[PDB]
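J.: Residue-level listing of the chains:
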Amino acid sequence: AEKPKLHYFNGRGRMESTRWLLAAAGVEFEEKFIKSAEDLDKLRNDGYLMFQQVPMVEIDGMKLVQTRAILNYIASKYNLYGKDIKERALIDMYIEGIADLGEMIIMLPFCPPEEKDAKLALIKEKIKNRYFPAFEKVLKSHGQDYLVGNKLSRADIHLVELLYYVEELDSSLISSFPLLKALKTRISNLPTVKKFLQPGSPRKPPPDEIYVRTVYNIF
Amino acid sequence: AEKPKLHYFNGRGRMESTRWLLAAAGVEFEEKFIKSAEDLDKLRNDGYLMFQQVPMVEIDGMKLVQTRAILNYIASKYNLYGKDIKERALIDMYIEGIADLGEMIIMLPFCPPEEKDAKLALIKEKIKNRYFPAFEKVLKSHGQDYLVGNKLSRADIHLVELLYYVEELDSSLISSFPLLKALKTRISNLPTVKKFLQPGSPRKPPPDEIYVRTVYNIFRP
Ligand SMILES: N[C@@H](CCC(=O)N[C@@H](CS)C(=O)NCC(=O)O)C(=O)O
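Those protein sequence lines, which keep their order, are chains A and B.
Every number in the numbering used here is 168 more than the matching position in the first sequence, counting from 1.
Every number in the numbering used here is 57 more than the matching position in the second sequence, counting from 1.
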């Protein structure tokens, strides 16, 4: 078999978590960037997209769509999904909270400018009161260097990803949560993640104005 | 050792597909309904809602929140998650597309009326042009009775659940999809699912105005 092939726009969006997880697992992938509406419609009409939507990853003979199908498979494959049914329950419970928060961040740049002050402030509120307290509590309780099973899981990789986006948004939000600060540091220093955080990697930048309207020219 | 306890409002929403799956799996459950803002608070203050939200299921000594956490567990436990990593991948693909549609049907009754007509037209368009052809194509591709690995999985239950809501919405949308209709009939006749489709089961009605205001009252009275 070949290297996993990521089909998306050249930008973060719904593919970035998969990029983080593959790189976290030491897997070399390639990207075929959708540059235009035509690029997408070609994928659609060639029957590559089960639901007419990207992200799409060609991996192990399959054309997998839907971000969570993609991510589960990778996590399962590279032993990043715990060791039994209960660890998975915990892992799922966590990564789904992270995906609800991350969903608001991914959408933020698209809602109209008059609603931005309000939608951001509600994210900061939920970060401060809901999600970060949630995850600090987990770390405080068992005292261990990883969210689940006392070893690296996709939850870890998904949270740390989200802590870089929360840093980009407001660097003080994490200030009251020392366990999340240390988590970020340890995970960022894992040889595979460290290489992914360095310049030149497939890691994608935040959305700028160009990114938004380029996105509108493809959706 | 006790029955799983499902903690949610008395209605469909985000608990319904867990009710389907549990029943499909032959597992009897109890429900504790959230009637008030106080009922929600008691759960939160007990420290039982990890993200201050329901659905929550009490099951095998855990308190599971997050729909996808709940469904996954029940699917693995009761062998409804395929047999290997590859089957899981297709099942997940199929059901996450069902989930994306399901989500829209779940939010529609809380849309403002300014946006309702367009949102409903979109849901149907998406059923006609995106989803029903997606699954029709998968069932034609291998001619088998089940979506994945020629045996009953969660993907068959979640889809056929969806087929019942789409029927309510507009009963004509399935008519040009012979294989879906056939799948709906077979799965409906499996003994566990037949018991659940029968009158007087925990299967819940479509959301009415009383449900719609009960829910608004619980987050903002
Ligand atoms: N993604 C979550 C959605 C859960 C959710 O939003 N639940 C609502 C009612 S359906 C809730 O309890 N909201 C409380 C809040 O947001 O404060 C899941 O799958 O469980």
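Hints in this document: simulated from the structure, not taken from any laboratory.
From the three backbone atoms N, C-alpha and C, an ideal C-beta is built for every residue, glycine too.
Hints may be right or wrong, so weigh each one.
[What the hints assert, rightly or not] Restricting the straight-line Cα-Cα distance to at most 20 Å, the calculated cross-link-like pairs of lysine to any residue (SDA-like) are:
1) A/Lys231 to B/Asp157
2) A/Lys251 to B/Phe276
3) A/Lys251 to B/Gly118
4) B/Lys62 to B/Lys140
5) B/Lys194 to A/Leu307
6) A/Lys245 to B/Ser133
7) B/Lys120 to A/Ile202
8) A/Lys254 to B/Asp157
9) A/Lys294 to B/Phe276
10) B/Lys140 to A/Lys294
[Stated by the list, open to error] Part of the chain B face toward chain A, derived, beta carbon under 10 Å:
11) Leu121
12) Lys185
13) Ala191
14) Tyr203
15) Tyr221
J.: For each hint, tell me whether it holds in the structure or not.
T.: These are the hints, each one checked on the structure:
1. A/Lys231 to B/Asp157: With Cα atoms ~18 Å apart, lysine 231 of chain A and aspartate 157 of chain B stay inside 20 Å; holds.
2. A/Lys251 to B/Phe276: It is violated: about 37 Å lies between the C-alpha atoms, which goes past 20 Å.
3. A/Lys251 to B/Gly118: Distance ~18 Å between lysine 251 of chain A and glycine 118 of chain B Cα, so the pair holds.
4. B/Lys62 to B/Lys140: violated, 27 Å
5. B/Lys194 to A/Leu307: Violated, because 46 Å separates the two Cα atoms, which is more than 20 Å.
6. A/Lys245 to B/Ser133: holds, 17 Å
7. B/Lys120 to A/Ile202: violated, 42 Å
8. A/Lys254 to B/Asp157: violated, 26 Å
9. A/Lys294 to B/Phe276: holds, 15 Å
10. B/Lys140 to A/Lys294: Outside the cut-off at roughly 38 Å; violated.
11. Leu121: With a closest approach of 6 Å, the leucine 121 of chain B hint holds.
12. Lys185: violated, 13 Å
13. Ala191: With Cβ-Cβ at 6 Å, under 10 Å, it holds.
14. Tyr203: violated, 17 Å
15. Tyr221: Result: violated, 21 Å to nearest chain A Cβ.
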